[PDB]
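Everything below concerns the one structure shown next.
Every protein chain except one is present and positioned as in the full complex.
Chains here go by letter, A, B and C, matching the order in which they are written, and residues are numbered from 1 within each.
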Amino acid sequence: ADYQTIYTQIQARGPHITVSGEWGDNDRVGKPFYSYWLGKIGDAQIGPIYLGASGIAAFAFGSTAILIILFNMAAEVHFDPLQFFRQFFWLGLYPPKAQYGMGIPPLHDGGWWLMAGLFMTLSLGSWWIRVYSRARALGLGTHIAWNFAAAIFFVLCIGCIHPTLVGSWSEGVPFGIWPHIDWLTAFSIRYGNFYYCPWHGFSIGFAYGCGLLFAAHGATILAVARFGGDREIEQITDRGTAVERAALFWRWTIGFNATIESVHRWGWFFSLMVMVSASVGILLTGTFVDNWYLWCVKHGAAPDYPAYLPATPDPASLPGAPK
Amino acid sequence: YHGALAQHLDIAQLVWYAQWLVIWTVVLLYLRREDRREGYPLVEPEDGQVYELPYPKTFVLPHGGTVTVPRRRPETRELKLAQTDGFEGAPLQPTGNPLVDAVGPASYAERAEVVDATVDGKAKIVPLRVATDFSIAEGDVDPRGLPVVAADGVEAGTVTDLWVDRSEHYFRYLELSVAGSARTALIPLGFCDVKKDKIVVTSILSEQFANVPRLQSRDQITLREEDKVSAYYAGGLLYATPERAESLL
Amino acid sequence: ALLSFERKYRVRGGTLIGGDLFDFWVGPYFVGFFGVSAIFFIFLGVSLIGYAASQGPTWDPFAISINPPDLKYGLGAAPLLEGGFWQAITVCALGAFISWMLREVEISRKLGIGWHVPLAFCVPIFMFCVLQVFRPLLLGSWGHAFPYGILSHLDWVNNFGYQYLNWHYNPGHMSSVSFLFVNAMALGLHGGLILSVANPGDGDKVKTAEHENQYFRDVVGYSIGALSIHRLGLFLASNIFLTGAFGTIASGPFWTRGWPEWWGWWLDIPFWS
Partner (left out) sequence: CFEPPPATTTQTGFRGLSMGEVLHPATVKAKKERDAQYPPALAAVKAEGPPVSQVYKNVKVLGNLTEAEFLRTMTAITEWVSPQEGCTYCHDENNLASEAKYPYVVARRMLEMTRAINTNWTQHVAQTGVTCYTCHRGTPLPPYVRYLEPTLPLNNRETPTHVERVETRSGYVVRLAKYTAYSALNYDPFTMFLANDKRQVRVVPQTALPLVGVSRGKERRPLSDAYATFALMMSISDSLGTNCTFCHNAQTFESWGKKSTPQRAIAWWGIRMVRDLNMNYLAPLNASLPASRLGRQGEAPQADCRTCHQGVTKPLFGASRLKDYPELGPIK
């Protein structure tokens, strides 16, 4: 019963360490403030917060996007603000319903959509710059920045690259809680079941793998919490007994093992591959596959099961059936 | 058809092969080699042992020094165990007292005999008598004063100080004077159940607090010392009483 | 056989059952008592699967399916061809998974470490029972469970969802998904970070904990610390199934309509109807 793995028993307040950026130490803002309940599962110290050009550029475009989305969402309930709160989840800003091709659609039919997307895209861009620049400033690998790039590329893939490659803004993801969800079913329906897209599968594999890996890694570091296993940077540069045992648990269980560093490579890679795999599938979808089921059938992948109720010919194709 | 090629070959089909290739490449030729930077090469030229390893890398340590991996680096220490059998995969059997002999779960890694350091260069892990500007938090127990009770329900000592991590603001050890041996032991908060009137430690018996590893100064600790100390109490989990080796059911 | 540091940790002890009769290794693998019972069940299971697969149509591993029985057979046994083999395999699987988990316990004791890993591994073993056992008991039929096949099982997931019209609106699902997604983000953020510290490259110096925590304070204004991210990771991942289980179990026993319609509780309050 290592309770320290569950919560910090005796917390320890102390004076706020500040590591110095190559630049922008003056752009750090706010007073640190400690917090007892938070400090029971985490670090008690909240703030300060760096607040760069990139960071502010993000809040700018982010809001302009949010405002566009929200003004449209109000208009859907002809501005009665009670119904706005009731109906929030159901409201949205849709792309074109009509087929304008790559033509810039009118504002009343998803031009406002297009607009908000531009600004959201700019927002993710400046925020990427933050995540990159801060690493370079504190003298750190740009690893986080790249994983995050993959993520951003996936968002571009679904929201504007794929639309472009098939040439219709109509295939964009709406803004809205339920409507961004409803997109997923209409998209999958259209492209012949996404379960039969192999890139979907790859994505899901890595996604479930991330579950498996963090569950396991987290659990491991906690199991060797008593021998300092959480101090990972030193267990890299000077292997301690924490990670000796951590490695031996896994070798004796599954036959092979990692190092305290390489497991983070494994994790980083798996994370990164959810977004990569996803992106590939979307790029191939519509452009070089119209129906993932029939493509699987074409290549002999799909299962078949026998009829339970009588098989049923399409009555459209019977002799002299209606339109 | 968009995306068709000669004889029932489409692009998505090739990309399928490509993807798989990429995965196995990264997994085998990269990730699994990276996994061999410590522990290798294995034990009892030679062809397989060269192929399985990656080109070494060198860490450019923050306070001078460099570490390169992988490297030859084996157990100098004479381990106090013998063979349960002839069989190559059979277990080992501690010959001495395992808690002090430092074997099985009481084993420690030959880490640096070096005091772990902060960013600015000071000792990271230190007691509060030194790091006076770190307090205990408004709300939590101050264990200094409280008695330490061992697995045999026996008072073994009195808590005299907490040892704070200055880089992370986290207490890592309690210091305690051992009853009737004018000496002062560290114990990691892992093995400590912090109640309001006492600290409970079911990992070792009262009598075993005797032989908890002593440190170099009594005001700092080396990375190795930390291993030696922690290892001790964990070794207790299997060894502190004869019945803990034996199978629970 | 042995890693440069392995030999010292390889002592007898820490078994749950059967003393030092099964307390040994085979290459890298600790063979516990469960080591044995695991292999026993795996053998049986993998046998049953191949025997059942041969009695079926194809051999393309993609199109092989061992399905459970029709619903009419209720909670009884069924003929080996028409769903029994599935029942057998299901048991062998549970045999194997539980064995696997308890073997991890035995290993955890011999190293003097926490049992956090076997614990965490109860989460997926649990969810398996939710799908294949608990929910089926509640609907009175094994046929409600999921077929064992690579692509066949995806069609079970597919239709099960569409039985409740738009499964995306299942609130337990929304939770579950939300956890899946955040856990993957976290894992990248974490693995990223630890590497970003050890590997800044250009032979520039290796960084510190202070640096780790500085990075996140800068970017998002808070940093949870090193030990806490592992606790948090375990928490996040484990809740994918812990929350999703409620979502799964609800569907059928405690809810027969479309999941979107369940959100009537909110939409159709009189105060704003």
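Please note the rule applied: a contact is a pair of C-beta atoms (placed from the backbone, for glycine too) under 8 Å apart; a residue touches a chain by one contact, two chains touch by 3 or more.
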| item | value |
| --- | --- |
| Partner chains on view for the chain not depicted | A, B, C |
| Option from C:32, C:68 or C:188 whose C-beta touches the chain left out | C:68 |
| Listed residues C:152, C:208, C:214 or C:238, member touching the removed chain | C:152 |
| Sole contact to the chain not displayed, among A:60, A:77, A:212 or A:283 | A:77 |
| Positions on chain B where the hidden chain makes contact | 1-4, 10 |
| Hidden partner interface residues of chain C, rising order | 65, 67-72, 82-83, 86, 138-141, 143-147, 152, 155-156, 158-166, 169, 250, 252-258, 260-265, 267, 272-273 |
| Absent chain, residues of chain A that touch it | 76-78, 80, 82-83, 86-87, 89-92, 94, 96-102, 166-168, 170-171, 176-179, 181-183, 185-187, 189-190, 192-193, 286-291, 293-295, 297-298, 302-316, 322-323 |
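Rule of thumb we're sticking to: only the chains that are shown with their structure count from here on.
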| item | value |
| --- | --- |
| Chain A residues counted as touching two or more neighbouring chains | 2, 4, 17, 19, 43, 45, 225-226, 231, 236-237, 239, 244, 247, 256, 261, 265-266 |
| For chain B, residues that touch 2 or more chains besides their own | 38-39, 59, 61, 107, 109, 119, 167, 170, 234 |
| Complex interface listing, chain B residues touching chain C | 38-44, 58-62, 73-75, 79, 81, 84, 87-94, 98, 103-107, 109, 118-119, 167-168, 170, 234-238, 244-249 |
| Footprint of chain A on chain B - complex, ascending | 2-3, 8, 10-13, 15-16, 19, 23, 26, 31-32, 34-39, 59, 61, 67, 107-109, 111-112, 114, 116, 119, 131, 133-143, 162, 164, 166-167, 169-172, 188-194, 202, 223, 226-227, 230-231, 233-234 |
| Residues of chain A defined as touching chain B within the complex | 1-4, 8-15, 17, 19, 34, 36, 39, 43-45, 198-199, 202, 225-228, 231, 234, 236-241, 243-244, 247, 256-262, 265-266, 269, 273, 277, 280, 284, 287-289, 295, 298-299 |
